[PDB]
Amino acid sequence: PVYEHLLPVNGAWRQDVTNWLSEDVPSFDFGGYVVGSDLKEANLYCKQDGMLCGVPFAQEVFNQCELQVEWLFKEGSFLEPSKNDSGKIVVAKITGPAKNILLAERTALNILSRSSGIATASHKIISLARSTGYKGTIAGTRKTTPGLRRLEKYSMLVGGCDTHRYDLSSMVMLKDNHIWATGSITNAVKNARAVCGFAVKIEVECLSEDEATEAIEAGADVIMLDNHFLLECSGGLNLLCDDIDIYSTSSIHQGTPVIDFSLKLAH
């Protein structure tokens, strides 16, 4: 199994890459004009310790820029430019017209830095939860960067964490507002079930053992206790664990530090 196989050979994500490029060049690329098209070589460097993530995305950036890339590491690999010999690590060798390389650069690096950042912070928490004996799941949230949801969720998976529900059409998530609207948890679940059906799970945010039970018996698939079936707890970060099912946290993705990368031509 290879993570990049999650991405469809063709689909919207590739168009996203094209749009990211247009975002950087609205009219002309003056630098490309001065630099020209002589064939060049270049190395893509990792300058900080962390997991390598975002390969297929950066690869797509390089393909549309008509370059030849050779990846020295598999996506998911844990890089440690700990060696101060340089403090850097070549993760890919690139070849192509000078201008194409420089056009690609900033976009590919912006993808890798952030993708690697989410994967890394993801790995750290699942390695932490795992090191206590906990056998459950650590999930992310829907508090993703607008327009970048595909990439961030993907980065969560490579890091070893669950993604939780992708969107609002994905797994139903019921709360008080919904329960108050239908008059009861049981009613909220019945209506939710009537439209999502058997193929999609229903989750209910409960505030008491009585809340949960009613949900359980309405047929809810997941139960979130805050403040047959699975249980979830969510609210906080890298710090509560018990032999329960789900712990969600936006700390793995939202507002996380980045893993620094750089790209320089040979000579």
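Under this definition, the rigid core comprises the largest set of C-alpha atoms superposing within 1.5 Å between the forms. Numbering follows the first chain given and starts at 1. What changes on going to the form deposited in another entry:
Aligning the rigid core between these two forms and inspecting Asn177, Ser86, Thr132, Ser184, the C-alpha positions shift by 2 Å or more at one residue, which is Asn177.
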Contents of the next structure:
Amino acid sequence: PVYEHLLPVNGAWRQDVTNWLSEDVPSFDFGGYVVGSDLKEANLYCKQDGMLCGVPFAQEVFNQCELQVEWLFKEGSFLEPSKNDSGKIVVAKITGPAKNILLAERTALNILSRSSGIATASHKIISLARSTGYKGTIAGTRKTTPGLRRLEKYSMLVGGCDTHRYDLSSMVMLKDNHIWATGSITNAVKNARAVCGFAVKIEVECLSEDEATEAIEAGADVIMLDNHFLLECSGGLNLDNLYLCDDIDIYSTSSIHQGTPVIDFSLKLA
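Starting from the form deposited in one PDB entry, produce the coordinates for the form deposited in another entry.
Here you get just the chain by itself.
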């Protein structure tokens, strides 16, 4: 299957791209004026070892900028420009009006660099956990970049990680909960059921064998401990120590997506 198929042929994610171009040109592209519309060719370079992510998003930038692009690698491919003499790898060949190419350049690269950075981070941690013989799942969180959530959750997937719920309207989560606030797990979980119905899971962030059981009792579908039912462990986990997984179902962490370094990309005309 192809990840980019998760994206509806049309929808808001495409207006996002447009909005991002506007963000770069509120009133006039001077550079395009000076450069003109002559057809040119260009190479899109990956300049660091990592996983290529964001292809369809960058593609959308290339389409709205009316350019012809040929990708040399499939999304998900691991790139190692280091084990290259030049230290860079051409991942795509682009042709079109000069001005168009330069207008797409920054925005497109801001997409790839960040998308790949996350894909790469996710992949390192999932494969790292997989190497210890862990059979469970590594997921993300809702601590995403305001307005960039679709792109980031998508990169998590390509990285080989679980995205965890998408937003507050998806799987319910009754988080630490003194504030949740009165009744019970048992009535907080009943109310949640009452509204979310059968098609959406309910997760409870418990604190004791009792807590959990009361949730399993109420019918919670997932149990969050935070230091037919599913067990999730979350909180300050990272590619570090940290190897301390055990037979618990889920391990969530923002480290795969928030605050992560980027994978450098580049674009130069023939």
